[PDB]
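Colleague: Given next are the chains, with one letter for each unit.
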Amino acid sequence: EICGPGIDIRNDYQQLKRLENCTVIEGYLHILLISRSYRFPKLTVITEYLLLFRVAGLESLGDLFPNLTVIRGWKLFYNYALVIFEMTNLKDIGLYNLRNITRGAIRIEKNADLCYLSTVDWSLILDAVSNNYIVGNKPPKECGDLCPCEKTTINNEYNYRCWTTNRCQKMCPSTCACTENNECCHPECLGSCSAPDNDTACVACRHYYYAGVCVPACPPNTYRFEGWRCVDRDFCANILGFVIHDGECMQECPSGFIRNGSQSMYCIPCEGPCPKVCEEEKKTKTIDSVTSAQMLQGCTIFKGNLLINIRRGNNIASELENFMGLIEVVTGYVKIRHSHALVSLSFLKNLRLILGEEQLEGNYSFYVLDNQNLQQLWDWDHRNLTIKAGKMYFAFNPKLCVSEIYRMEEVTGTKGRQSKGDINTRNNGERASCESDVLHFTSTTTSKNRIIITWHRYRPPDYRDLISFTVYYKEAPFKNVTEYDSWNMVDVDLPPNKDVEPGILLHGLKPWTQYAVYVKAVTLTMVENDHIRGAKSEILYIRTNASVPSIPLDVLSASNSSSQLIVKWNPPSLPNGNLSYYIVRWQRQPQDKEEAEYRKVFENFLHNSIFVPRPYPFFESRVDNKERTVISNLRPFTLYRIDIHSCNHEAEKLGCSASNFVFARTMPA
Amino acid sequence: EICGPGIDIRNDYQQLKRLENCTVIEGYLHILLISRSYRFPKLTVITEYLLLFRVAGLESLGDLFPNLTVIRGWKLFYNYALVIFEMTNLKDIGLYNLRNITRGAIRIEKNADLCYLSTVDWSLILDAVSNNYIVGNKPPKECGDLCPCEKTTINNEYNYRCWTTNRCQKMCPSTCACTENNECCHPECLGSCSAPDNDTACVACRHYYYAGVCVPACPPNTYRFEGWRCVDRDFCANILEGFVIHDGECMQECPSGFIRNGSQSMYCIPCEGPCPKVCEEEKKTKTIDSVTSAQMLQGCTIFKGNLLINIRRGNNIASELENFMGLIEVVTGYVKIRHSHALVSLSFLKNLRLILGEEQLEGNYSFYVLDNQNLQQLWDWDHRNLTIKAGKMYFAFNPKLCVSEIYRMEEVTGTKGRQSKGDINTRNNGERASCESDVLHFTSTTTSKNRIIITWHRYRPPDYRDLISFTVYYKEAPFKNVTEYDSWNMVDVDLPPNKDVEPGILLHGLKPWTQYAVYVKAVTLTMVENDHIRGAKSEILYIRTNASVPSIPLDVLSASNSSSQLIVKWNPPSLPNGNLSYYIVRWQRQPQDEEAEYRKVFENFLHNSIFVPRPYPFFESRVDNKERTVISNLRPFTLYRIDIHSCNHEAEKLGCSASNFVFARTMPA
Amino acid sequence: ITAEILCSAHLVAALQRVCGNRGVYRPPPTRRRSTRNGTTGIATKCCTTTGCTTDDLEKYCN
Amino acid sequence: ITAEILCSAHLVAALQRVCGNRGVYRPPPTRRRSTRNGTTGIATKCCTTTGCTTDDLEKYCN
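Chains as they are written, first to last, in PDB author numbering: chain F, 1 to 35, 41 to 153, 162 to 189, 193 to 256, 265 to 509, 518 to 624, 683 to 705, 745 to 798; chain E, 1 to 35, 41 to 153, 162 to 189, 193 to 256, 264 to 509, 518 to 624, 684 to 705, 745 to 798; chain D, 1 to 62; chain C, 1 to 62.
Worth flagging that the hints you see were computed from the coordinates, not collected in a lab. All C-beta atoms, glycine included, are put in the ideal place defined by N, C-alpha and C.
Computed footprint of chain F on chain C; a stretch qualifies when at least three of its residues, placed anywhere within it, have a C-beta under 8 Å from a C-beta of chain F:
(1) 8 to 18
(2) 23 to 32
(3) 35 to 42
(4) 45 to 58
Generate the whole structure from the sequences, applying the supplied hints.
Modeller: Set out below in structure tokens:
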């Protein structure tokens, strides 16, 4: 009697009766929030995980499933094959017939009355014992773990092993998969044996199972179903359909595969991005949060309409780009309304086609409105776009330069399609700081803390305009930097001599740090022409030349054996470069703020008021990756000086760092 | 021989000869960057500070000014009266006649060869010895401070006191201002004495000096000049406009809040209002495109020019422009507010009551606003006055400002029928204004300690088809200056089904005695998208929860100055929750004897995947006003519990607050 | 009705108390593969510092 | 042109070298009123640099 593909019993105590006939549970098993005596000796195998949560009245698991032997864990609950959490009145894991857990780990937590936790050797029942989680249960010091048998080493201790107060923990001899008493099972068997080394006499089959036989691989005309048995071609033609692929019967073709026409039981390899159509029942999918956009994950074509209304949110540009970055074709229209968090639509990268099957009232396919922070669309000179039908409406977008949307309809192909009110400079580009020329940098020179950068001389559009410059620089960990936010600003004037070009020297910078620098021109127009131009430069990313790294931190050394010294340390405070390796040296030893700060401000007043303008040998080894190493071949009980250096990628020219040294003596012979 | 009003000797060593005749130096004295033997026994008094900096070759200050006795320091150099900085070859401060420095502190710094620093008791020469700064000189441990006399306590040590290796530090006896050897000077005298207790035999006068006499206050027909002598009326009639006589003092300019009297321009008359700065700028039209640009208009009363306000971006602007231009009252020319996208009101121009019109924009316009995207109101409310003498007014593309406001402006302005028909148009002005929106008149408010019930009148939308909903904006406001654009907690309550009940909302979880700003906005979803949309909104209602039991008194401290007495002090409660009336104190006799983080995220997944929704007696006294009281009649050396309560005006019905108690023991008998 | 912050047993107890006899749903159907889809449900929201309202408790519960 | 940020003692010495025979001195001696200060001092000019050009030092030099 197979039961599945998933059992979820909760609330009613009496609903547990659904397990009266089941000997194998295909899928998971859920017994939650349960508030008498029910015994199920029929059940022996569970393919997936087993979950127990807040079951009142149950004192031991043996009361329900005494014959449960194998939890295959074909699919896991958060990488766990058995979860016993917040189980009140539960005293012990009474699964004294449990033998093998095939895949997952165990999480037993918050069971204030649970005993016999350390009395179970989980190393012979499952494999990944390191990833188990047994925290928050009753304390073994306050329990009384008593046996009524065998024993082995548990952690560093050796003690008896019992499941409950009447049954021990059963184990196979070292000669073997065994039967009840000392006879090895079949190699393809698992758990116990009704008869020794027989395929048709196995409580549970390892690998796969078919027609009462524990087979390693499925017979030729059978396919993998779930993770324990094999089914024929006609069986998966009745599941609702499923595909046959790689000798396996899954629900849907895997990634990079699509169903073949007519012969819809097999997957044909599509080479390009397979047409991942996402079809939603709601006519217009409204994206009002990052959670709402989750349903669009991995979609290539969207049969519907997109309504973006994102007021608040988290780190959004990288998040939507995870879900919607693969969308390429939108059948309907796209509306970005009230999306104040969006500064750019760049998260819609692969979007190259917008059709217009349904259009907003007035035949609009692209409709943006009231986006206070939308600086730029995703329409830069790299991306392509095509709106087949519909018009474009732009309104109340103050940070959007109007020129940017004129560039849009060139690629869009709807230059003369919209009306005169569809694009209005009054509410679009309202507070714009764009519409400027391009200042070009000329040269950059980098040191460990100084940066010399110069830009080309800028002649203002008018002869009378007084010209000045402003340098914006700030430390940027990575390149996603906007000009509106941080920025340190220094005003440098145009040099008097026309042969020298304007520049600035920055002082006091962190070694090996990427700085974002851009220059803006200060054009004071005597004739206040409302055709304002201005000049602005590109965001230039400059990293300091790598300096000599800092000394390693907290050098500690010990001796676990004679002629051996173990040393550990921390990475230096200021790496000043990509860490490459550490150079350690050991030599035999012979036997016997405000003040300077306050001075700063006082100093400046002086100059600001005086001047006035006229009107044993060393052994050396390199540690490649870790911050720990062991020295070998030493004189026993002899003092050693331990010099440790820290280099980086450019330490080949700069030279490696200084030494943070320590002294340690080896173990006596 | 008086020399002034400031001596600045530098570069040339021989330029020091300018001190050959001076006995008193009126003002400061600079000896800078000097690279033989020059003696000036004439000099004795220095009014302002004395500065020495990088003088090479000088070994001691006694070589130049042996008779320097009093440095008045009327005006300080960075709060210093004497600055010895970077003096090379200088070995000691040879001012062995220095007696009194009246005002400032001392800063002697970076003199690697300077000795005799600790041998000088600056506590009897100056007053603010704590604010001195003697750092970076030759270390006393590495100098050799030796005397060739008297001594006293310096810091915690007692040691000899000498200026140089030949002269000691001279001091007056405890009986006295003394002469060379043990005879007290005159009370009005200072320093040394040519003869004992005589006015005409004093090296330096305390207070003031006139006609060879140390006088406390100036004679009736003399006035204070600088800070040491008195001069007559005709003297300050010759100093250079000229100097003023005010409060018996002869200063350079009238102090703040005073202006020069006409004709009699030697005295200051008290102007009551902001006295006229009268700001004249060379540029014809002053453009205020930033808060920095408006700085030049700080404190101006009348502006001879034109105002062009073009503020796109900015900081907190209303309070800043109000600081600069808030005092401007009269503008000779025209005023233009163009593109000023940050201005929501012109209230920063309060005292502006007159606009003349000397120069008018093309078309005879004196008041010209344009493209005021977020400007909702002028500064023209029924409180302010205004008069435009000549010119017209033009308003265009002014959406947020209501056209009725500018109609009300020309009533006070006096230009009702002067403008044309296109100067004030209703098309692009008031277009989407919400001032015209019908008020969601509140109906009732009910207040508790933490809950507020508030209801507003039912709102029938302008169209029959419009779907109507409400939104409640509430936030904690310490005071009333609250704008709708900022904070606000928003709750959407629907119109109730029954037409007899009016829409309301219940607020839960509010701080007792806290003023909340509440206003309701209507959500009118118009089926017919008529661009004649105004919406609906309500007035900002300030509601403070019913005065609740006050908070406990803060920081109850107690001590015992005597037996049978206990003094107790405390602070007012954190949340008074009403007007404080009195405190109730009670005294009772006491009888003699990552992991936890990682678990967090994993936890939420479990719940996020399991559950699924269906588809001795006490003595009591009252302290009336203060937060301090003294308990009397107590058992000596007996412990007492001190309960302190805090009541308010509504504590008669709601009860006095809880008790913040402390324990104290009285003094032993 | 406020967004109470309910966590650990208290979250379940809040669901247990709000539902009371209502409980939750336990029909066994045949299971399609990868029907586990669905994340960030209201149960997770209640535990968050923002919490979930009693109405939200009713929405996720029966 | 580009010049090293110069402060403290070195700054004074650098100025002396540049000024040489010219030196530095106040154009008006013994002016009745102080010209004031707090901005545009060579302390600010070279500690945070817009370019401590030789000509800029020359303007300071008198």
